[PDB]
Amino acid sequence: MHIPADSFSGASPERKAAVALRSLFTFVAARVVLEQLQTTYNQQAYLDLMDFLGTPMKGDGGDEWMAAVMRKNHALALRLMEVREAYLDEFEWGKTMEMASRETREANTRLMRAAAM
Amino acid sequence: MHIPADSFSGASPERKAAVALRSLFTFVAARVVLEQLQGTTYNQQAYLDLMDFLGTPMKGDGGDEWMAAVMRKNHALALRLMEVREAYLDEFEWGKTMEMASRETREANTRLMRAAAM
Ligand SMILES: [Mg+2]
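Protein sequence lines correspond, in order, to chains B and A. Quick note on numbering: the first sequence equals residues 34 to 71, 78 to 156 in the authors' numbering. Quick note on numbering: the second sequence equals residues 34 to 72, 78 to 156 in the authors' numbering.
Just to be clear, a hint being listed does not mean it is correct.
Dumping the calculated BS3-like pairs for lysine-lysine here, alpha-carbon to alpha-carbon at most 30 Å [unchecked claim]: (1) B:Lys111 to B:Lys97; (2) B:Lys134 to A:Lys111; (3) A:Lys97 to B:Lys134; (4) B:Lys97 to B:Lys49; (5) B:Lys134 to B:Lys49; (6) A:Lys134 to A:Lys97; (7) B:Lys49 to A:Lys134; (8) B:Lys134 to B:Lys111; (9) A:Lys97 to B:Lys49; (10) B:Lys97 to A:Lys134; (11) A:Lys111 to A:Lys97; (12) A:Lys111 to B:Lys97.
Here are some, though not all, of the chain A residues that point toward chain B, as calculated from beta-carbon distances under 10 Å [to be verified]: (13) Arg55; (14) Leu150; (15) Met151.
Here chain B is said to cover these stretches of chain A; the calculated rule only asks that three of the stretch's residues, wherever they fall, bring their Cβ under 8 Å from a Cβ of chain B [stated by the list, open to error]: (16) 39-50; (17) 78-87; (18) 108-117; (19) 134-145.
Because the hints were derived from the structure by calculation, they are not lab data. Even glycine gets a Cβ: it sits at the ideal position worked out from N, Cα and C.
Between the sequences and the hints, there should be enough to build the whole structure, so can you do that?
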């Protein structure tokens with residue numbers, strides 16, 4: 034029997050980061066779809088997306104925002120949902136980890152060198 | 034923590050996320066150290087200074103402008119904050135974070151699909 038890796042957390046920096054990532058993916062999806070867009080239905084989708092991009096995602100991973108988009112333009116919301124889910128397989132989280140780690144070490148080294156005698 | 038506004042315009046989403054995480058780790062470190070300082079005259083001064091600096095933003099650069107400011111005031115405190123934020127790299131549950139983000143993205147899409155299903 035396979036016992037699955039622990040992937041649960043309550044209030045934690047990991048949860049904070051996870052929700053921030055979810056909002057990032059929703060934003061990325063909006064940008065991807067905007068480029069796709071830039078029929079009469081497609082012109083309206085473009086107008087709607089531009090309107091909705093004018094307002095910030097609440098810090099809930101983009102879901103209040105997405106529900107609002109769906110109320111106005113279901114076809115557009117379906118496309119944004121598809122793209123943000125597809126993006127999960129494209130986002131190079133390992134690279135994010137490498138940069139965050141390497142650049143912390145580099146920043147600490149720079150600061151320590153600057154003050155060193 | 035609004036990742037699209039982090040790093041520079043033109044950065045990848047991955048780089049924006051990395052810089053945002055760096056700022057998060059700096060903040061986490063500061064909270065850790067503050068707690069430690071509450072439960078020596080130099081130790082009292084580090085507490086006083088940390089309380090002051092937590093009153094100010096670490097806008098950018100992953101907390102490094104903030105850290106340089108701390109170091110100018112209190113080098114020992116900056117060394118400790120640097121140590122903790124670097125140590126935190128290996129404490130942070132990287133895999134869990136991406137899996138939660140991924141799973142909850144799928145779940146949110148499913149919730150919305152089920153809601154529009156009529
Ligand atoms: Mg298609």
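Going through the hints against the structure:
Note on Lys111 of chain B and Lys97 of chain B: the hinted pairing holds, with a Cα-Cα distance of about 18 Å set against a maximum of 30 Å. The suggested pairing of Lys134 of chain B with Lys111 of chain A is violated, with an alpha-carbon distance near 34 Å, which exceeds 30 Å. Proximity of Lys97 of chain A to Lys134 of chain B is assessed by CA-CA distance (about 23 Å); at most 30 Å being required, the pair is judged to hold. For the given pair, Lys97 of chain B sits about 13 Å from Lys49 of chain B by alpha-carbon distance, which is consistent with the 30 Å threshold.
Pair hint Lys134 of chain B plus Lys49 of chain B holds up; C-alpha atoms about 19 Å apart against a cutoff of 30 Å. Between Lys134 of chain A and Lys97 of chain A the CA atoms are separated by roughly 26 Å; this keeps the pair inside 30 Å, and the hint holds. In summary, the hint linking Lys49 of chain B to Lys134 of chain A is supported, as the alpha carbons are separated by about 12 Å, within the 30 Å threshold. Annotation: proposed proximity of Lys134 of chain B to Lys111 of chain B is violated, straight-line Cα distance about 36 Å (limit 30 Å).
This hinted pair checks out: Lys97 of chain A and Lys49 of chain B have alpha carbons roughly 17 Å apart, not beyond 30 Å. Among the hinted pairs, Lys97 of chain B with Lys134 of chain A is consistent with the structure: their alpha-carbon atoms are about 23 Å apart, no more than 30 Å. For the proposed pair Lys111 of chain A and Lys97 of chain A, the alpha carbon gap of about 19 Å is at most 30 Å, so the pair holds. Straight-line distance between C-alpha atoms of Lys111 of chain A and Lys97 of chain B comes to about 36 Å, which puts the hinted pair past the 30 Å bound.
Hint status for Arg55 of chain A relative to chain B: holds, with the closest Cβ pair at about 5 Å, below 10 Å. With a least beta-carbon distance of about 6 Å to chain B, the hint placing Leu150 of chain A at the interface is held under the 10 Å criterion. This hint holds: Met151 of chain A has a C-beta 8 Å from the nearest C-beta of chain B, less than the 10 Å allowed. Coverage of the segment 39-50 of chain A by chain B holds. Counting CB-CB distances below 8 Å, 5 residues qualify, and the rule asks for three or more.
With 0 residues having a beta carbon nearer than 8 Å to a beta carbon of chain B, the segment 78-87 of chain A misses the requirement of three or more and the stated coverage is violated. Taking a C-beta to C-beta cut-off of 8 Å, the segment 108-117 of chain A contributes 4 residues in contact with chain B, enough for the three needed, and the coverage statement holds. Residues of the segment 134-145 of chain A lying with their CB closer than 8 Å to a CB of chain B number 11, which satisfies the three-residue condition for coverage.
In summary, the structure is inconsistent with hints 2, 8, 12 and 17 from the numbered list given earlier, while agreeing with the others.
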